[PDB]
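J.: Here's the letter readout for the chains.
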Amino acid sequence: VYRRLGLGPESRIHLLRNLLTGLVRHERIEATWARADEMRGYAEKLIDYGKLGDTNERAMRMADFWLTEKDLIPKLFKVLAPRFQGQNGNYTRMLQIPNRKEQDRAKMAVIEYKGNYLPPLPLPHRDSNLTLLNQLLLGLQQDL
Amino acid sequence: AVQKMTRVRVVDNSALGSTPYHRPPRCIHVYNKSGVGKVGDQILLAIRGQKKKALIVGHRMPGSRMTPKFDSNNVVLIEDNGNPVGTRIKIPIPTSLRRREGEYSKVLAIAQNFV
Amino acid sequence: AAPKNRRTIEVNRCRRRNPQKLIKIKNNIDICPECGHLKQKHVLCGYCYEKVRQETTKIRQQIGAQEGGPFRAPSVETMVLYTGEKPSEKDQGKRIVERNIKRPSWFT
Amino acid sequence: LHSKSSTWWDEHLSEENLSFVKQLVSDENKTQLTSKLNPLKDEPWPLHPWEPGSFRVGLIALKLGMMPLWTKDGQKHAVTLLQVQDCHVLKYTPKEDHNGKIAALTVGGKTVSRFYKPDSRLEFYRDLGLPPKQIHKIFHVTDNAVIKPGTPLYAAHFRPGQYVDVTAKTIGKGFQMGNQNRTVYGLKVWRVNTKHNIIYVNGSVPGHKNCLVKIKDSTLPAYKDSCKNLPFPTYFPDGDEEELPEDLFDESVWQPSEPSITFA
Amino acid sequence: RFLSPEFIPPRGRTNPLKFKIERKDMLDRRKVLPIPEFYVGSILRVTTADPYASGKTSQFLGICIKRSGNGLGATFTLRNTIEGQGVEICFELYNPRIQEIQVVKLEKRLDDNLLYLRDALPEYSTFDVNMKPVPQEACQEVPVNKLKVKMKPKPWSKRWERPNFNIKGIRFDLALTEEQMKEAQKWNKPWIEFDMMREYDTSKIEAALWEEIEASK
Ligand SMILES: [Zn+2]
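Residue numbers (PDB author numbering), protein chains in the order written: chain O, 14 to 157; chain L, 31 to 145; chain 0, 78 to 185; chain E, 41 to 216, 261 to 348; chain Q, 74 to 290.
Quick caveat, the hints were computed from the structure, so don't treat them as lab data.
Backbone N, C-alpha and C fix where the C-beta goes; we use that ideal spot for every residue, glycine too.
Be careful, since some hints might not be right.
To be verified - Output of the computed footprint for chain Q on chain L, the stretches with three or more beta carbons under 8 Å from beta carbons of chain Q: (1) 36-46; (2) 91-99.
Claimed, not checked - With a straight-line cut-off of 27 Å between C-alpha atoms, the simulated DSS-like cross-links for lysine-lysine are: (3) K129 (chain Q) <-> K99 (chain L); (4) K272 (chain E) <-> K91 (chain Q); (5) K112 (chain E) <-> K97 (chain Q); (6) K231 (chain Q) <-> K34 (chain L); (7) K293 (chain E) <-> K231 (chain Q); (8) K129 (chain Q) <-> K136 (chain L); (9) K279 (chain E) <-> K93 (chain Q).
Said to hold, decoys possible - Now the in silico label distances, taken between C-beta atoms and shown as ranges: (10) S127 (chain Q) <-> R16 (chain O): 56 to 66 Å; (11) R271 (chain Q) <-> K83 (chain O): 22 to 32 Å; (12) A31 (chain L) <-> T250 (chain Q): 31 to 41 Å; (13) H138 (chain O) <-> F215 (chain E): 35 to 45 Å; (14) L157 (chain O) <-> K308 (chain E): 24 to 34 Å; (15) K97 (chain Q) <-> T111 (chain E): 14 to 24 Å; (16) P54 (chain L) <-> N237 (chain Q): 28 to 38 Å.
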């Protein structure tokens, strides 16, 4: 259930800690697809810790360790946690980006926090109902 | 799980077993088709420079559910004629030996304590 | 490890021209309406995505100058405003980023 | 490019239409299953009386897992759980056209989605009037025991106390292995849950949990003719000659809620 | 509201229907045999039918040291020293051969697992089989025994000093120097306490189970 990453188990968490800290600071990070998927679960669970409450002593220990820069700790409890109070999940949006042209052809993805102030990503759009096939399906729906 | 070596404790009043001896006991043979010896399994034990048959009554190997796991390996000596070498047994002895296939009534008839 | 005799070009030509060793064609190529450029069905367009990152860098640069120091991440929400758009009451209690450029058409 | 393009069922479906499509699929599955609920009311083929040497059809079931089961003797026996899901007769093959010795019946269970399946498979099932099934297996059945295709088969076909043979593909382990069809013989049935069509079978069954298996009557010489005292063609809930209990137990099995067993 | 551990399902791909069927058997059996509430560290006396003996039942008393298993197959282990022999018996809650279950002393111990009591002094593990049940307060939490057991010489069945075990009921200071703890702490794996991938929440499942159990009653 875990990708074999880092020179050791500590490295993965430290690397995840570095990745998590950067995402919180910027709210949108571009990284290899495998890393983005692995860290997406941690980011969602971190938001839950923010929702748990600022007064929660356990959340501080988790936040303090995971976030090297301590200015982010107030942000998580006073920016991220208030922002996601309405949301029940899916706080992070991860999308596949074309592979890096760096001679290694790594799989790339972009992970961002939803509700951010950054410009909206170019998300895919499903076909409109005005299409001929959809219009035909609409007629079948109306009859039923 | 009685097997090669496996320091054991002779729970008997037999003269060889009763008398203290310097050498740690190295059990030789297990009288079973399988090589592992458990409670109720005949084994050969070297005591006081002599070889005597012994019957296992306890082991430290994890056992089946609903059964007590002993903290020491306990054995009882049995003569060639089939009568126990010792006339008494001190450690509590499981009563499952009665239903176990074999001749265990004599040893049970010598075990004061039953758990 | 070398074979006991030289491998003939005929033998070698067959090995390299076997279909298993040839390059395969891909039919999953798609067109991006947004950029008008090619894309894969499972891959997002990069010409449009490049604009987002470039705007993000410009927005991030403005934030860095406004903060004026390291480890100065605000504990309050952040918002971005472009020329022609002025901070409103709803923007109170949120960090405000001012952009000299006008509101991009794609950005809303 | 004037070239082939790759598509999936959801590529051109809008969100509003996509929700409707899901509803339509559920409606079709419900209607098809209800239509096939009553085999005896759908011009059933003639059913013949039992005679020695007759062979009944087998079933396909899903392996839920294992749990401990106790008998009235107080002993604990680990038992494996098998669930019969959407088991229906699909295609009958004549004795001459399949094997001169005996005819065969094709049975498929564990209905599957229609979105990611070839049109050929859907076409065959549309004629049968049933949703597609995950696995197709062939069972040798005598002429007297032949049943019309589309007849629903239930776990009640087998009964507690009957030994059965289960064959399933073993778990694959990769390069090191496994993933080979194997059969376990002489497994007794401890209990059958009619409501959920769960059969409780002694011993372990090859394969992982949630793995489809093939179940047929024991072929051991001792149990040559056990169908004489069982539903000879099969158990028909449609006939409803006598409603079976929801949970069927073997006599030795100690049912829960029974008094604590005292070894007297 | 005390929800017994066995009812709580573990994370996995197992069918939820199996738990529902298993719970029904468990709930129905609970009517036949009363399963009192107890925690590790509580001394219990359990009456069980004796298969080896003919028409005879027996009661065994011991301190509850470990709880394992789920559903109908859940079992509990209670430890005692009888005639100077430490004995641990794993009792299956729903086995028909358990006639009755009595919690002689309902209490909790410092640790949720008391396997280290084997390495502790015998007196901490010695309990009188004939000891009568002690009074309990219904509107209270089970008493928690905070006595710290003393260990036997350093060679133990398991290296309790390691952070992985993290036993809080052992008098490590008496038997272990601070340097030895540092050597043990080399296996701290501090990132483990901070990893959210190893966290599984059953609070919602536990709450839902309570109504189902009470409804069956
Ligand atoms: Zn584009």
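J.: State for each hint whether it applies.
T.: Outcome of the hint check:
1. Against chain Q, the region 36-46 of chain L contributes 0 residues with a C-beta closer than 8 Å to a partner C-beta. That does not satisfy the three-residue criterion, and the hint is violated.
2. Three residues within the 8 Å Cβ limit are the bar, and the region 91-99 of chain L against chain Q gives 5, so the coverage statement holds.
3. The suggested pairing of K129 (chain Q) with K99 (chain L) holds, with an alpha-carbon distance near 22 Å, which does not exceed 27 Å.
4. Taking the CA atoms of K272 (chain E) and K91 (chain Q), the gap is near 21 Å; set against the 27 Å cutoff, the hint holds.
5. Only pairs whose Cα atoms come within 27 Å are accepted, and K112 (chain E) paired with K97 (chain Q) is accepted, the gap being roughly 19 Å.
6. Taking the CA atoms of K231 (chain Q) and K34 (chain L), the gap is near 23 Å; set against the 27 Å cutoff, the hint holds.
7. Pair hint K293 (chain E) plus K231 (chain Q) does not hold up; C-alpha atoms about 34 Å apart against a cutoff of 27 Å.
8. Distance hint between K129 (chain Q) and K136 (chain L) is fulfilled; the C-alpha atoms sit about 22 Å from each other, no more than 27 Å.
9. About 13 Å separates the Cα atoms of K279 (chain E) and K93 (chain Q), which keeps this hinted pair within 27 Å; it holds.
10. Against the hinted window of 56 to 66 Å, the Cβ-Cβ separation of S127 (chain Q) and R16 (chain O) comes to about 60 Å, which satisfies the hint.
11. Between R271 (chain Q) and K83 (chain O) the CB atoms are about 25 Å apart, so this pair conforms to the stated range of 22 to 32 Å.
12. Here the CB-CB span from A31 (chain L) to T250 (chain Q) is close to 34 Å, well matched to the stated 31 to 41 Å.
13. Taken as a hint, the range 35 to 45 Å holds for the pair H138 (chain O) and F215 (chain E), whose Cβ atoms sit roughly 43 Å apart.
14. Distance hint check: the CB atoms of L157 (chain O) and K308 (chain E) are about 54 Å apart, inconsistent with the given range 24 to 34 Å.
15. At about 19 Å, the CB distance of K97 (chain Q) to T111 (chain E) agrees with the hint of 14 to 24 Å.
16. Our hint of 28 to 38 Å for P54 (chain L) and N237 (chain Q) holds, since their Cβ atoms are close to 33 Å apart.
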